[PDB]
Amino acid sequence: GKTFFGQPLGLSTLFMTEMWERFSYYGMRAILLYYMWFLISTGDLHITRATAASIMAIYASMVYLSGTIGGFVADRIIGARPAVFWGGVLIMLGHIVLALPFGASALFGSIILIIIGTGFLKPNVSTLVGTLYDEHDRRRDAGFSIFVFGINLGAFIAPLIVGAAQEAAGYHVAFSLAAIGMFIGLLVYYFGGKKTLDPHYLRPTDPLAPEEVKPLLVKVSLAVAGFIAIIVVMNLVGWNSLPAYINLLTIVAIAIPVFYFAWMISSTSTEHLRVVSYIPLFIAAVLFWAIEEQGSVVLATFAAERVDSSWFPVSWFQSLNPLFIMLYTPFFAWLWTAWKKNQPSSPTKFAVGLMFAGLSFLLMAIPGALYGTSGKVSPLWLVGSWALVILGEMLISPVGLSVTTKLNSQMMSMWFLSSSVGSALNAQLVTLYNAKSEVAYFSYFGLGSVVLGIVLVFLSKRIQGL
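Chain shown above in sequence, structure on its own - the form solved without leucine:
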């Protein structure tokens, strides 16, 4: 009868829920870097612009890492529906914290709230989408495709609205708009959810058995103690600068997949050989996400310093990324179906995807080389870059989780960890970007990325077999 684009009505609630949460997230991202610059310019915030960029990168990295944990907490301890709700409350608080007349002092509280909040909400709204379908219901793919379109929608309009607001009424009003975005999300989620969602997901679906509670408690406490202990030693030997902490978070984010790789490989020999073949794919994913995650940092810097954008808010460039996702998506949907005969392998898609990413940086090296780096250049250079990298994303992401799974639960999380690892790498790399290094930065990381894409093409055939 009455459906939401063919799908159960309950999909409309989750569609809107995520649309507004993503609105709140990307509205904030579009101006947070400029906000840190602002706070630097007034002497309120005592860091370099390069450190500000580094913060942006490690922030994303922690958001993605947080998300690989929220599923477990909801499944085992609090339930999917409460996770989404309190996750949204924490996200809203994080934005409210930035709307207050405080300054640089609120930055950390804001960041922690949103890292925890997002990590609760984000995997669990996906989970709730799945629960709308019987599991042999073929509509499922369509429904997720629709859900994703809502995600891209929020990411698309947020910089336009929040950025304009920032221009009209300043940073605190613009951040309050992100808060209101999340609030709307919660409103629709709460009341819409009660009508359409199974009450079963009010509770955990795999609750802790009595003998499971102690070891989990022991597990968590040790990790905290260690982490605290590392921070203590760090300060005793004088490694207590913001860059040092960012470095520590970088190490933790890299170590997690490195430890997992070291585990599987050490610990079925043919099962082993498939795991070793994934390492090239994982590296490729990491490098790809790095370049893509620099849209909000390095391309954002470029947009503000090198582009003549005197007639519109420079944060609007952050809308090109989800615009191109939305434009490309129904195309590539049609493409794979039409292309039945000799479809490229998922490892081949990874390689070519990395090349396009690499091309997107190589493109950006041209205006500096041709025109110099002291003037301003056309907005279209950036438009071409995002067009190139998102073309890369269409090849890598839709097959990404697929390639990892067919090659367990730790490996499954490893795909979602590639975007965290890429951002952690960025936290180091983006500090190398400035006006003097511009052309070398784009060239080097552009070319290297294309080369590794070439290497992966050579390696593609053996991985296909496995």
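Under this definition, the rigid core comprises the largest set of C-alpha atoms superposing within 1.5 Å between the forms. Positions refer to the first chain, counted from 1. First, how it differs from the form deposited with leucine bound.
- Candidate set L425, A60, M414, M28; criterion, C-alpha shift of 2 Å or more between the two forms after rigid-core fit; matching residue, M414.
- In a rigid-core overlay of the protein, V297 has its C-alpha displaced by under 2 Å between the two forms.
- Positional change of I115 between the two forms stays under 2 Å at the C-alpha, relative to the superposed core.
- After superposition on the rigid core, the Cα of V125 moves by less than 2 Å between the two forms.
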Given for the second form:
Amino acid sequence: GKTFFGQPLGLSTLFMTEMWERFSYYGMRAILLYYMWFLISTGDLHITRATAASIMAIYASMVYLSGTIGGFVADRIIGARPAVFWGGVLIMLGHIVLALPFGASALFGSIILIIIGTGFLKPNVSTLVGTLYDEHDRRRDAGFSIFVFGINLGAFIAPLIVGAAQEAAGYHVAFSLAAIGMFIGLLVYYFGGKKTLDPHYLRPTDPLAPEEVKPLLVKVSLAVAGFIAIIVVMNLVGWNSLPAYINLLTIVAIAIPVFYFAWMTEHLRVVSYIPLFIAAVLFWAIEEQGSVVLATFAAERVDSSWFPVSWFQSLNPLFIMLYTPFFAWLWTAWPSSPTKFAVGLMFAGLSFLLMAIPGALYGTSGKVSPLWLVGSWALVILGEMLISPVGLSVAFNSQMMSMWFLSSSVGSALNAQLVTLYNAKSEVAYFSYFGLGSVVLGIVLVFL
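Got the form solved without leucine; any chance of the form deposited with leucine bound too?
Here you get just the chain by itself.
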């Protein structure tokens, strides 16, 4: 019978949908920092490169934090499938805003649209994949690996296409390609979804009961009021700069798990997530810095004179696709969950330790071979194969899905503070210090 790589034919619709969404996101991410660099150079954007780097991180942190609202709203209010649709619409509008002939004024608007939009699409498109299988179907694990393979496939071709278009035609044309990428995703999703997806997910699966509406409304109103109240207090005492707001968003992003863990002999299990969560946060911190710190390194310290330097952002998902057939075989030919989160952290630690070598050996005033980043990403992706749901083979909801991206949000929130420490003069110290600390903790948190 007809399948998509052994999976229900509905996976391909979700496959292509998320592939084109990740295309739009990572296509934009591949040049957004360089764009901010450009806006500063022209004197249009009045921030430092350190703040611009910090923005890239807190943006990423808010993107995956936003998913928690989206997962909840779909399950209880609007539905999984309309959430994906309207999520993509906002994403597309976000990229269109950047495509418009404006400068720094369009940044915030674009960022908010994509944050909100991705919050709706990302956890729900991931949830709809599990809806293709009944409960005890062995293929479910394989279906997600294919799905993540599509995530990285879009993450691979996006910098290559968008980055090249940027260096030939300009940023606005490049950002318009990202919008088009999402537009393609909507088309395939809308028409393909009607054919392959359950109509059951056009309505919420856990609809708010009558008595539940007001408590939720009070909870939300108090949260927004308090947030606004904090903003007001900040503006009065003078804490109203851009890094000030990043600090606030950082604390909020970090306080949410702290309060979530503090919420929850069964308690020894909960305490046993604490080091696993830390290992995850630190790993995705290092991993997400590829689009910031490594992107900075690529542009400043690497000879990329015969190709767009944004193409280095294709190295991350390339290795995931390369490692995929091996690990898929490796797990069938052959480690606990805490170990994989530790060894994965050690590999990420080694990816930074390696990057300290060229500056220590050759100095930082010159340029080095692309192979250093290639090797560095090879190491960090090697550990990602131990965390990310790929290389797998032969039930839940949207909110619990979001909880998974929550460790990446804390990592980037952590990055929003840490990436400001990276520059030309601290290169060797930054890499070696944070790489060594990550290996040590990787060795500490496995025995712990």
